[PDB]
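Using the sequences plus the hints, can you model the full thing?
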Amino acid sequence: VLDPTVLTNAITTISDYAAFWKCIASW
Amino acid sequence: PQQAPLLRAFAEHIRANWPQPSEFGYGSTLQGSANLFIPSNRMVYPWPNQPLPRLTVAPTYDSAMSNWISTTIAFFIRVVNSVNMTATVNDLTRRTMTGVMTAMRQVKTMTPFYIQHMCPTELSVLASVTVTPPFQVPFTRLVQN
Amino acid sequence: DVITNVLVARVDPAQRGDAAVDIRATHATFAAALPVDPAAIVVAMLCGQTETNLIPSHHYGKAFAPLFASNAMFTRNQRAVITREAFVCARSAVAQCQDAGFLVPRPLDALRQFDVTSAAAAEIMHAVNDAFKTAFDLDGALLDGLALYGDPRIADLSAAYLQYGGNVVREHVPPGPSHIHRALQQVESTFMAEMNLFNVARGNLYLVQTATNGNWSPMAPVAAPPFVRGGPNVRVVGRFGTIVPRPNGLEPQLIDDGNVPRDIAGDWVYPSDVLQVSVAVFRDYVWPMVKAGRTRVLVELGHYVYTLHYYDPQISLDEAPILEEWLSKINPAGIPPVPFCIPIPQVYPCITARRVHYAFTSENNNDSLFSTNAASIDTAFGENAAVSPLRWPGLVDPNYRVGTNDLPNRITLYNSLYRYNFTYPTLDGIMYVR
Amino acid sequence: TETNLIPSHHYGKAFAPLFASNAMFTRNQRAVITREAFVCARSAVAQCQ
Amino acid sequence: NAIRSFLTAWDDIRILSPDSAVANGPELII
Amino acid sequence: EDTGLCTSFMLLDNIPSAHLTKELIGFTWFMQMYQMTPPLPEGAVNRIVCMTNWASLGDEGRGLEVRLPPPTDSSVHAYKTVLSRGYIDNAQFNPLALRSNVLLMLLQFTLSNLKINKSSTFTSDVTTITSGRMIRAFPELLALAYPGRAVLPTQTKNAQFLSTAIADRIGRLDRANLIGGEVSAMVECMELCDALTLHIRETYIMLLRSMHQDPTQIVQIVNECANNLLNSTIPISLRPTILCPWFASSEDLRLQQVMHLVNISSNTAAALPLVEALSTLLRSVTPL
Amino acid sequence: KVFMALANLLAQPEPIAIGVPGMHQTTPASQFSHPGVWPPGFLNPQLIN
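Protein chains in written order, with our numbering: chain A, 3 to 29; chain B, 21 to 165; chain C, 1026 to 1459; chain D, 19 to 67; chain E, 645 to 674; chain F, 24 to 311; chain G, 9 to 57.
Don't read these hints as lab results, they were simulated from the structure. Everything hinted at is true.
List of simulated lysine-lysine pairs, BS3-like, C-alpha gap at most 25 Å:
# : chain 1 : residue 1 : chain 2 : residue 2
1 : F       : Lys103    : C       : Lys1158
2 : C       : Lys1316   : C       : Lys1354
3 : A       : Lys24     : D       : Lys31
4 : C       : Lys1354   : D       : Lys31
5 : F       : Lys103    : C       : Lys1354
Structure (structure tokens):
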């Protein structure tokens, strides 16, 4: 599950994904 | 290396950290296979793939994508801290930029682990239940020829 | 020697593959620079004045007197000790639920821990953190920042600055000598010796038809177990638990360890994981061959919670509807606790019914058992565990010296403690502060 | 991932709806037709010229 | 279409069987 | 503090004995017909079970507690504190993560027994069951603390055990009072107390002695932290029993410093109220 | 930034040497925030004639 709840809070300290699943399926 | 320091170490980092593409097996050997350019009954994957381990502290950080992430982020901080950068970016922003960039490096993500270990046993099943079997040409990395 | 970056790590940079990368990629840089007006600096430096007859050591003792009035300074010391004990107890409890993460000793390593994901270690570290915030009720969030990256499996702190010449000063901050982590390692090491006090049980599980009429003791089985994995003519079920149905007149067969189909009526070693994904095939095929006295399975759960159902041996009891309930509530999620049926030990010699029992454990798990009748002259029929004097050597043992026990093996209910009677003063109650 | 991931349970629960869909036995039936419909079409234009 | 049910065993629920085009099996048997 | 008897396993009784008096009288002998509370439980099956601080009169409480229900009931609600909540139904326990649930169950057991054993009053026994041993009276825990002093009417299977009780193993063994008239330092009595709970509370006292300094030291720390501007001297007289858990070492403060930088952010909005605080404390005390 | 605030002021009569491309003497002084754009005349003042 692609959840950006950790990457957002890591970079807010210092203040849908279909293009990725298209990239796996095109391998 | 002294006329062009950030550009030599970027042509070297791509040649060293770009993943060696690999291959596995899909489908049943009684069934027959439809691919042409690859082997009759096999697929080809653009990352080195390994079987599924128990998800400890080792296998979720040793992956090729976790090595491609951790050695590109470690390069662009060496770009953002250079002497040619401070024409516009002042000292306070440089620390912030570095802080933001690294914060991309330490974030836990299972998707470097997923592409190596979990996805090839997921792609090989899905390439036998779809109608058109995967047409594929061999992946070649950094080979001029 | 210009200090370009001052950096603080949250994660040990050597267990992730990061021993050779630079400091700006391993640790997190601080990025703060508040601007100052020089015209406010130049004025305030060039025209500051004071009192005329200013004796400054008098002026500071006049001023710094109401800042050392009590425990203002000594609250940070009490906060620092709890942030050291809760940090090791988070580092221990995370790295004991993984296959050898840190040198941390692992005494209850025998208990099965499958999920070792970073999401799973985040729930272990958060509940260790919620225990220290509940017991000590400290409101400020301690160690609620090592899970900022996602994993507390590599939770180790380190701080470092980096001058321009690359001369990185990098010194670690390891946690000090703990004390709760020393005490939590003795509760764990005693836990394996007697987990029956906490309703956990060692050993496996046997499902054989036992049509007994006399005494039955499921938790403390007399003599040896019927068979053990790897014995003569004992087969282990394969990881699917599948059954190949044979046609007109033959019997259906389990698929054992390997690919060979072996027939059901015999002996079987069912691992606990296979029974979580084959209960609809267990209860349909092999479990009737358990009821008819043909096969005998060994549901080898490693450790399990149990549940006792005491009953009257005067009246009959079939243990099959209690086992059929237990085989129905088994999901791939988790199993319900094992239901053993132990007869209530009777005072008088009785005429007991012929009862059909199935589940009885392998390793002796009847430890949390106190005397059967503590208010009767003698237990006639049932098992008669009298009050065992090994747990009470401070009361009945003659060559017992005050001060000893047997802590990593048993619990001694009658010991000789020290009862302190301290008085806790304030800082005003020791020195004179005026 | 999810907070309790068994990798053998998750794939077995998600692939069993896929093997109910008989696309593996449709894609073999469309192949043998396009074999027989190839040779009866290759020769039907190579008998004219 | 050659598959009817696939009654699972772990959960015991029945999994029935159903610019482009949805491919169908060619009507061989007449 | 914990003025009651510090133990954590209670002698529960799941199945009570038959209260039969129409038929076969004289077999069972409850202590209720003697107006007496039994020291060890009556009942057909008397199991040991962990109920932390089941007998702990004195304090509001540590906070958390672990109370296992006896094995007649379910007892899968102390093994679902982690990795197992919206994943697994209520009647089940999770066996794939059993170690992690149990390790956190032992963390509830350790932390809830992190009290300090306080000493109550020691009234010497005037009656004839002990005849002068300084036992510790309390509510009605005289029966459960000392299984030695117990009126034994008939030889049951409790009386088959309590008849072997040695009579000098009850009450205070050694009192060390430094000053006559004032309270004692640490009495050394015997009571119902498991060695496991005793080891945790004797660790916590060893922890609280690990952050306590003599009054000739804490008068040197207050002076030096005030840069020797205002100096004070402790009066030189024997204070009997003080305990000032007030001083982490130089190592434990370095971890608390770097943990405070981990929790706070990195931008200039979090390093600013740390500056304006000390800028406010600077402006108030300055003579300039 | 103290030194280049005066050096960028008297930039017609008194030229010095600035280290890197992109940085001239007449740049604003509030950008010299790196140890590599310290002027070599500021480091060794023996090589300002």
